[PDB]
Amino acid sequence: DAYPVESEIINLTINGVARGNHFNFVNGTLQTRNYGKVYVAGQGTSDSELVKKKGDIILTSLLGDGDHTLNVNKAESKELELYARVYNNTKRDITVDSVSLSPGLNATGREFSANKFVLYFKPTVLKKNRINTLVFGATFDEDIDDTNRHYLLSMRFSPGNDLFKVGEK
Amino acid sequence: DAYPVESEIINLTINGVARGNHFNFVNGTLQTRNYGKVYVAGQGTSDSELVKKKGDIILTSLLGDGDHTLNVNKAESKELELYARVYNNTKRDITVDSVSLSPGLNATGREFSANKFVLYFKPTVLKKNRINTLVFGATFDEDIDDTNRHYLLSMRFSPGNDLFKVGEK
Amino acid sequence: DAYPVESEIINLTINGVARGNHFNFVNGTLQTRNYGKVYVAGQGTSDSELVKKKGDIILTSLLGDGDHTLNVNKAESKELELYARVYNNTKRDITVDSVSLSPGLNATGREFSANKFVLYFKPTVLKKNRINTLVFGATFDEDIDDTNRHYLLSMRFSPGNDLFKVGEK
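So the protein lines, in turn, are chains A, B and C. Read left to right, the first sequence gives residues 40 to 208 (full-length UniProt numbering). Read left to right, the second sequence gives residues 40 to 208 (full-length UniProt numbering). Read left to right, the third sequence gives residues 40 to 208 (full-length UniProt numbering).
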């Protein structure tokens with residue numbers, strides 16, 4: 040139903056998963072102003088289930104080996120990937136322009152992990168009426184475990200599908 | 040008077056303060072397109088003074104111990120917190136979606152501090168007709184002192200108060 | 040022809056250049072929704088050539104010594120600068136609010152450089168009917184060479200020229 044005409048930031052929660060070298064969504068919902076309802080399904084939701092969820096944009100993070108566009112070193116838990124399936128059921132193509140991460144607060148409620156990282160992200164078009172792959176990588180200084188796995192994810196959504204077209208050499 | 044309907048980036052200047060482990064605003068003003076006038080009062084402005092300033096959104100950074108939502112290691116000056124009071128006197132709730140930092144130029148005018156850091160920030164609603172607490176943390180590799188304390192702060196403002204609602208386990 | 044009234048993110052590709060300590064654009068074009076056509080000319084395009092290109096906003100990155108607002112250590116290739124000339128041929132002033140970088144994928148197509156960096160950027164007004172200097176710096180942990188030089192650049196454009204005005208001491 041939604042026909043977006045402006046950019047908007049989508050703020051979601053995610054956790055690192057050592058086994059599989061993945062990021063994993065926290066399930067829940069988010070009412071946006073321009074993109075309808077964002078529905079974050081449970082982990083590993085299949086494509087046929089994903090298109091039945093009650094929202095305008097449906098996301099699931101996938102776990103387990105093979106769900107990787109990136110060579111992570113599975114011998115450690117420093118190199119992590121979000122491998123997400125995103126159902127765009129709005130009336131327009133959406134570009135995910137950029138992402139950023141902040142660590143969440145740990146158990147104390149008053150400290151955050153200062154585990155430094157490099158973020159990998161390439162702008163990604165979410166075609167409408169389609170389930171799309173969406174990924175970002177993060178490579179940390181220190182292993183991700185249970186003490187330091189909590190992160191806050193910011194994604195910028197914008198209308199359309201226009202991307203840089205490389206010219207001649 | 041202002042009734043915002045689009046997101047906007049607010050660019051302000053801040054300095055690290057070793058004693059107290061804080062960030063501190065540079066006072067001044069900023070004319071925005073969608074959020075009226077931003078007024079950055081002097082440090083430690085009290086709540087009753089803050090609501091008398093001439094602007095649509097009034098900010099002050101607080102210094103001195105106790106003004107911390109975060110356990111900073113006061114034995115050093117690597118872990119810093121912005122503890123700000125923000126008066127939203129527009130006609131709508133505002134969400135601060137994200138922040139980012141850049142070091143400013145040092146005394147040479149041609150170099151910047153490459154002191155690496157991890158930024159902590161959780162999206163924060165600024166309720167209208169209310170003074171709100173706004174914080175972010177930064178944990179640096181190296182101590183902040185007089186040679187390397189100058190920073191540029193970017194905040195994204197957006198209309199409304201909608202946030203992620205966590206679902207069931 | 041373009042009269043922008045909203046902010047937009049511009050996603051471009053850039054490479055590090057060890058000799059000269061620069062970033063260098065990949066030439067090409069980008070259709071924006073609010074800022075007309077972005078035209079990225081070849082490196083070192085002169086000012087008289089730059090204003091003849093077919094676009095609404097024309098950019099070139101300059102190489103070679105002297106094209107630096109920043110003291111880079113030319114003895115190594117860790118400290119890099121984008122020194123760009125930008126022709127704003129829209130009907131309004133544009134502010135570049137912020138920038139961010141992501142490494143691109145390397146030759147494997149499945150790995151990215153985790154070379155950590157500190158980004159320097161100060162908000163910059165692109166005056167209309169003028170060629171403007173636009174710069175950002177990046178200081179890396181490790182030397183930039185042929186294995187790790189590929190980056191993705193995000194710039195946020197917004198209308199107008201309003202900037203923070205510093206108050207009295």
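Derived from the structure by calculation, the hints contain no laboratory data. Watch out, some of these pointers could steer you wrong.
Below, computed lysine to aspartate or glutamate pairings styled on EDC-like, alpha-carbon distance capped at 20 Å [said to hold, decoys possible]:
hint, chain 1, residue 1, chain 2, residue 2
1, A, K130, A, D40
2, A, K113, A, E181
3, C, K161, B, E150
4, C, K117, A, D180
5, A, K76, A, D104
6, B, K167, B, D86
7, A, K208, C, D182
8, B, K113, A, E45
9, C, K113, C, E45
10, A, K155, B, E88
11, C, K208, B, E88
12, A, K155, C, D182
13, C, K161, B, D86
14, C, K91, A, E207
15, C, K167, C, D201
16, C, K92, C, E150
Derived coverage of chain B by chain A (criterion: at least 3 residues anywhere in the stretch with Cβ under 8 Å from a Cβ of chain A; other residues may be distant) [said to hold, decoys possible]:
hint, segment
17, 89–102
18, 154–164
Backbone N, C-alpha and C fix where the C-beta goes; we use that ideal spot for every residue, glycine too.
Go through the numbered hints given earlier and state which of them the structure violates, listing their numbers in rising order.
5, 7, 8, 9, 10, 13, 16, 17
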